[PDB]
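First comes one chain, alone, set out as structure tokens in the form deposited in one PDB entry.
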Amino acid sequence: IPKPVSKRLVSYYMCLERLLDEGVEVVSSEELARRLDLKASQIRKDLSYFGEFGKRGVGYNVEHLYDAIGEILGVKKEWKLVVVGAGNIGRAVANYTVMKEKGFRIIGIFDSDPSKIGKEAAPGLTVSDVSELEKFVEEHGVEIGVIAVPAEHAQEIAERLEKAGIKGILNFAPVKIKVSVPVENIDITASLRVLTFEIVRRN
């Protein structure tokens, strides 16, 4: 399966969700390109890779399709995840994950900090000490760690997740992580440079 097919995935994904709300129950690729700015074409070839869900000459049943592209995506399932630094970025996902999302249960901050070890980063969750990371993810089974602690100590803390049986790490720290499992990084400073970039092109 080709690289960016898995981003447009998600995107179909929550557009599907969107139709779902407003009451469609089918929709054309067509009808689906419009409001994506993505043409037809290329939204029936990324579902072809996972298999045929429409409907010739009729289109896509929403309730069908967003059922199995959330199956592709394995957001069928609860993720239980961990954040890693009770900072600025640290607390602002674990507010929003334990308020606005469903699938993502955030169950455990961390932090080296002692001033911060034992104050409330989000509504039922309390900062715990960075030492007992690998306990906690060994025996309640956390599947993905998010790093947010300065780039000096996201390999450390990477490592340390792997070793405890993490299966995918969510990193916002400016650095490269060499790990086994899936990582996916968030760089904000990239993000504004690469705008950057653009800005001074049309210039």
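Numbering follows the first chain given and starts at 1. Only the largest set of C-alpha atoms that superpose within 1.5 Å between the two forms is called the rigid core. What changes on going to the form deposited in another entry:
After superposition on the rigid core, the C-alpha displacement between these two forms reaches 2 Å or more for just one residue among 135, 163, 153, 45, namely 45. A displacement of 2 angstroms or greater separates the C-alpha positions of residue 34 between these two forms, with the rigid core held in common.
With a cut-off of 2 Å and the rigid core superposed, residue 184 has a Cα displacement that falls short of the cut-off between these two forms.
In the core-superposed comparison between these two forms, the C-alpha atom of residue 78 has shifted by less than 2 angstroms.
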Given for the second form:
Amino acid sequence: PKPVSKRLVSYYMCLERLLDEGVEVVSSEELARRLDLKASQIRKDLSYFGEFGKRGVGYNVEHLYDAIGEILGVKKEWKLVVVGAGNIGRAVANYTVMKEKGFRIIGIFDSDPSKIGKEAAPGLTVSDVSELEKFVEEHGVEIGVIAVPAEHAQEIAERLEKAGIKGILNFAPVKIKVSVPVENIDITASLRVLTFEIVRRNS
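The form deposited in one PDB entry done, now the form deposited in another entry:
Coming up is the bare chain, nothing alongside it.
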């Protein structure tokens, strides 16, 4: 389901962060503190990799990071479009890290004539939203990013579904209802998680 995918990505991000610190062996307790999770749950998940995932008395950071990365398919590239050339849409098209990880934005769209024709990023010009459905099907786009206001999120999501999209990354504060998977971005949820750790420490 959704939680096991989030944990697997959590493990991957944490192990990558552990490798940058020079750590080669990590314990389930240390992973518990970094991911805010039970240690027994971590040992239950990582037993999938057997002895290959172990080193010393803890876990082989390098082996787990490599195996999970192959499970997550980090080598594959993905074609993305962004609907909405506002503040969020411009930030996504200018996000240097996304292009490095294989998430290629080949098109960005908007409904405002003042933004159409201009450049959202180097090599990417804003296209009319009326051409979004043909653009998705012509380039075989897999992922669409919804960066339009709330009241147009569901409509854009449905046109992506009709055009053959495979998944949606949604910024708009609406519950998108489609038959493709959806990942919602909610910085308010990240803020709430931050407030919990603030009151625990500051008290």
